[PDB]
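Consider the single chain below, provided in structure tokens and representing the form solved without the ligand.
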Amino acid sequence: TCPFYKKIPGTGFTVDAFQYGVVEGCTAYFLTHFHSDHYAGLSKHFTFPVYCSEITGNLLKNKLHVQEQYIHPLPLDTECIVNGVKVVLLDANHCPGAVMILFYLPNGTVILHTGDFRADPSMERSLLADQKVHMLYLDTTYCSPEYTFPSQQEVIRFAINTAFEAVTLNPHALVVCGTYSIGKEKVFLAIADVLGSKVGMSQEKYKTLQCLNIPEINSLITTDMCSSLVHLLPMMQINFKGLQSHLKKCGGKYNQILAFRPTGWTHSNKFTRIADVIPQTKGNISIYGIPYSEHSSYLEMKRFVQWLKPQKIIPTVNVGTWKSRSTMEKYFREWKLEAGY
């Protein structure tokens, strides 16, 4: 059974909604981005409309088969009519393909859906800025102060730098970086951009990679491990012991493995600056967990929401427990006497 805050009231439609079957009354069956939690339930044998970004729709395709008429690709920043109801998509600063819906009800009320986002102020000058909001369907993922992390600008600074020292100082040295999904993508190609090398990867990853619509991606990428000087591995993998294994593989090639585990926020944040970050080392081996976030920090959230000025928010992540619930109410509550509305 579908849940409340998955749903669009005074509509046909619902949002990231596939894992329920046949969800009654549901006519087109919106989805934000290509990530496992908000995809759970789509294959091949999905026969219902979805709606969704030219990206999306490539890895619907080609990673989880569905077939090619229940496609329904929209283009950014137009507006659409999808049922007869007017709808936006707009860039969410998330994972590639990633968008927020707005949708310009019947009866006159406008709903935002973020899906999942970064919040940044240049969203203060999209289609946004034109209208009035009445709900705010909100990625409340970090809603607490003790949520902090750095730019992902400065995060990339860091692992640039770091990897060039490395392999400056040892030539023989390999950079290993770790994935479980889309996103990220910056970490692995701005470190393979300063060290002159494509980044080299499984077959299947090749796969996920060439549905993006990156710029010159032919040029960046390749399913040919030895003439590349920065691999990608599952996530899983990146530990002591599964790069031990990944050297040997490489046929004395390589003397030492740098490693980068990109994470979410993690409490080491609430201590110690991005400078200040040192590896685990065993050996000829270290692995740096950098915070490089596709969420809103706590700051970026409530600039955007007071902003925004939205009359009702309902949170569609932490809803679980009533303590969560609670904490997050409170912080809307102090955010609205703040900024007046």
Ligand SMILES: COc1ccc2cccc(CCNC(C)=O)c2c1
The other form holds:
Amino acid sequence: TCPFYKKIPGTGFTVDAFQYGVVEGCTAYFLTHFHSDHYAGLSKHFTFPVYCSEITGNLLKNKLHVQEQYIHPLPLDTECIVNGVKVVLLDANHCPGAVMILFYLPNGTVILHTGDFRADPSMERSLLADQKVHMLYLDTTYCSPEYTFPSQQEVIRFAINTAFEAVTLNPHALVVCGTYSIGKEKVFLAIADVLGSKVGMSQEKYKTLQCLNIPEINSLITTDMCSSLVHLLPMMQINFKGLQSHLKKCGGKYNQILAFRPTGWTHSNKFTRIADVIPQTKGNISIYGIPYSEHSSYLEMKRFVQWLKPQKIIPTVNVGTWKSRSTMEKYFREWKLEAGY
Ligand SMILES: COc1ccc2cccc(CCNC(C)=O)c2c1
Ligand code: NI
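For comparison with the form solved without the ligand, would you give the structure of this protein in the form deposited with the ligand bound?
Below is the entire complex, every chain and molecule, led by the chain shown above.
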């Protein structure tokens, strides 16, 4: 049954709560973004109202076959009334279509739910500016100081330069990029752009990208694998066996693979700068793990929360152990006391 941190008290609303059957008292179900841990439960048989972004709506309709009558897309940065309550959707800087939700409760309390987010200083000049917030439901994925990683811009610079160098030295090299969900599309799009290629993929992945409102997408992607020198593969295929196997299918067209496995944080970020990253290599195959994050670093999270100054914080990630909960509460207290409060 539905946990407390997914219910919005004083309303009939839940957030990312589709795996518990019919939730008692819920008149509208919000979905922050199209990642499987968050949408788990939605299908053609769902018959309650779903509120979400336009992009999330396109994915519900086309990938999950949710009926059009139950999909309620809302524009961003716009005051909307849903079942007698004012709400706003804001860009979460996570994956395409991902939002944060501001709820203005009938009693005067204001709640921000971040969904999944990568905090950025630009959020300090959204509709959040000068908005008192009484409760923050916070994506705490990386709420500990050891979690460091580079900017997305720096990671993309490394990937572009690495790919362009390799293919310029060897015009018969193939570039492969791993994927298992939406998000991190800039990795493969930026590489293909520098190489003057479309990105080749399966019919199923092509379908998914066609839902994302990316400008000029028809010019960037294709299902014709033979015409492309940047290929997308499921993430589980990005290993020496899987890549060797893939190289056979291309019909003696290529003699080297350079592959990228986008990850979240990993322990090697503690020691190695993004510039100094080296691949795993076996013969003519090389694999780069690159830390492209769509969640806040510890420092980004701390900056956002110290700016917002919420009265109370409810974590939504790492909530399962006493140690995790204790650690997170200690950091929130440090941040408050530090800020002069
Ligand atoms: C619950 O944890 C925090 C964490 C950071 C904070 C930073 C600044 C202020 C507060 C609480 C007081 N808010 C006002 C507007 O007076 C924080 C509370
Ligand atoms: Ni997510």
